[PDB]
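First, one chain by itself: the form deposited in one PDB entry, in structure tokens.
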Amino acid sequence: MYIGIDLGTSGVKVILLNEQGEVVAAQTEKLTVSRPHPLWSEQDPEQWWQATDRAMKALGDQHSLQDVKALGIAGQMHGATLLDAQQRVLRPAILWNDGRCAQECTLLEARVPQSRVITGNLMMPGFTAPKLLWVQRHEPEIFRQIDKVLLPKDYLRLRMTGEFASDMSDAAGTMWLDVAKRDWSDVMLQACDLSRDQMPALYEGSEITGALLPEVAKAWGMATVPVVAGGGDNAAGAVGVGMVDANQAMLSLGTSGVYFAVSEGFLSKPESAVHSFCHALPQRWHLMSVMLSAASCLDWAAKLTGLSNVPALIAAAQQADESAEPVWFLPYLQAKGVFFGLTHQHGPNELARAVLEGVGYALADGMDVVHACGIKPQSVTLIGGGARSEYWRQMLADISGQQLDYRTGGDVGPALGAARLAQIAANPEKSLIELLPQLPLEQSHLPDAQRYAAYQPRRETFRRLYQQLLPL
């Protein structure tokens, strides 16, 4: 039996995996956010713990955790948790979506010209590093008391084991990690008046970082079970879904269209919408791009044409007349809908076809920006709610020229990846290949050479068209 904990933003989810990778139980505990000022997004670390501790006790109450062999955690990335020399929480946690330190972002980058090379990323406000630069400037007294800076998931580890550890995936998200070397970057820390002494110890996601404090062990009805490093939500998310080896990639369609891809070694493209990170497994890295916004984007056009169901415009999209207008929908990305109008003089199911293809071109280019970094998948697992239309799925295949394997499941979340990482650490024998399955294949879409060849020139809209036009 294994435990998997995920410290999300809305709450914490804790799961119980049976000896063969199946989810026997689950518990979720809501978590609120605190917005003291515009752009501020904070959480009380003691609320993360209380939620976790309730979830666990709620889980073991259902079924005894007296057989759990290992435990893993995953959490919201980038959150800064400042603790004093006695492990006490100085100020609330500044979350991934907190955008108060934009200016400290410029400062840091001016302080280390080679910042984007090191972290492989552009310095953003949600990132951990610039927040501490902010605390130093706005709350000097609290900054002076800093002994340790922990990410959300890791603060939780501290409460369970008394240890100070993190995993490469989550660590890289701090902008203090030298992503390539998978180790703290001194230049980075120094630029923030911080030192390794204030960072937790680094582990690969599947490595054991400590055991459960006896107290905790007793409070939850389980032994002093070992606790693995785990990973940040994205990485632990892919782990639980089997997205592990090089050139493996997935798209989720979405309340975000997110493209996540495992690379061979460290790749990066800062000046783009591409984010680079370490994976939650040894010698593995990944890249990812957010995209649409093919749920929003598509409901909008369904109401726009008097339709109310997205299923409807997909159907409508289908009877478009092979009148080729062709249409030409440009989407923009807040988010908001830079929403480029079009070209036309025909119908609603003809416009339904335009919208669906506009999104499709936007996605194709998103994945191509990733691929041009050094990734070339043989196939692309496709999962999510916005991916239930076989028709739209097949369109994305013909547009991008990527084999799209549709798969069901993928609803558990990072928690499943946290329990999987725990299974790995508990079964040094079995091979990863044995402990990391994928979601059950639901369909496989191969690009229709006919439509594919006709589309590549069509995508010559999201060529000069999308570019001549901003001005937004």
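C-alpha atoms forming the largest set that superposes within 1.5 Å between two forms make up the rigid core. Residue numbers count along the first chain shown, from 1. First, how it differs from the form deposited in another entry.
The comparison between the two forms, aligned on the rigid core, picks out a single residue among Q103, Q283, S323, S195 whose CA moves by 2 Å or more, and that residue is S323.
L436 shows a C-alpha shift of 2 Å or greater between the two forms [criterion: core-superposed Cα displacement of 2 Å]. Once the rigid core is used as the reference frame, the Cα position of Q136 differs between the two forms by less than 2 Å. Residue displacement note: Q345 has its CA displaced by at least 2 Å between the two forms (rigid core superposed).
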Second form
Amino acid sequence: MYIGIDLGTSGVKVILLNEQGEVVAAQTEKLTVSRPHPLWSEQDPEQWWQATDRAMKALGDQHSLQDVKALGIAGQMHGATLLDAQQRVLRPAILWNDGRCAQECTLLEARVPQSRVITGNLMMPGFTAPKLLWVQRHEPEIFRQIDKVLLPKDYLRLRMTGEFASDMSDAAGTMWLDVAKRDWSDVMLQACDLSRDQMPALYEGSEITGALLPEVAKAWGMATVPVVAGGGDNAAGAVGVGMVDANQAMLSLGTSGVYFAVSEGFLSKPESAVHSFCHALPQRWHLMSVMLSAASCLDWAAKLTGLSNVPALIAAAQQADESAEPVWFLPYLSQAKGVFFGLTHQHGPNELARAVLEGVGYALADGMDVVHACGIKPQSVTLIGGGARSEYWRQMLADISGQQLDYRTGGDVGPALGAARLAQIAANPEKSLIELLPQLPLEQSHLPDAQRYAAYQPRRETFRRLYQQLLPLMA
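Pass me the form deposited in another entry as well; I've looked at the form deposited in one PDB entry already.
Chain only, nothing else included.
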């Protein structure tokens, strides 16, 4: 028996994994988000906890615990949690999707011209370091009282164990990590006027950080089980799925589009949207990129076409007629807008639906290509989330992208599964890592049709040209 916790943005999910890969029980609790001025996105750590606590007990009361040998954590990345010397919350956490600190990203990069090299990343307002420059510039009374900065999942760890600890995948997201070295950068820390004194200790995701406190273990109906370092949600997710070694990758077709690809050692393209982090396992790194959200776009397209749903939209796409010429659908994730180009008399809601599917696919494919151009070459890609559910569209995507696309079972549990697996790892020291990294069961595999792939390439050239030409119009 193992426990995985995921500290999400919309809420907390906790699971119970069996000695096998089976999830036995699951509980979920909602979080709210706060927005007290513009570009601000905040939560309070206490609510993180109260929800987590609440969840573990819902969990306890659904199935028996105390068979549990280990517990792992995951969470939303990049969140600044500031603690005073008593371990009291200095101010509400500043989240990944907070945008207050643009000017500070600038200064930070100016103070450390080698920052892109050290971190392997473009500085963003949602990353941790610049948030801290912001506090010191604006909330100095608060800045002066800082004893520690934790990432959100590591706040939970504190409450859970009394230790200050992170994993490499999360810490990588602070911009205080030397990603190549898997250790803090004194240069980056100083420039924010901080020291290692104020960082948590660094672990690999599979490593033990401590154990439940007696109190907490009592509250929860279980022993002082060991707690592992865990990961950031995307990495922990990938661990869950089995995407753990070089050139393995997964594409998320849900509400929150992401491509995640394990790299052959550390790589970077620091002047792009391609970010590079430690994985939540020893000796691994990954790339990742925000994408077109397929699920969002299909939802909208459904309404736009008047087909009132996605399954209906996909169904209709299948009915489109094959002698009609290509229409091009151009989606602009940027504020969720679009263009149909090349409409003729031969184009009904069917044709229109096909064009939506193809154009989302055109975009997804190009997004993947961008990652790959950084030095990743997948043998296949694993497909998760709501838009992965159609057999027709999986095949389209493979034909367009030229990737073998894998659909697996259980791809849908989220980072919590990864956190649980990490626990299971640490609890089986006798076995090698490589005997301990299950992939999810292969439910269907989609190889690209060579003719269809070839016919799509020129359409993709056309897509790119049109997207490019109209972009400044839709902006």
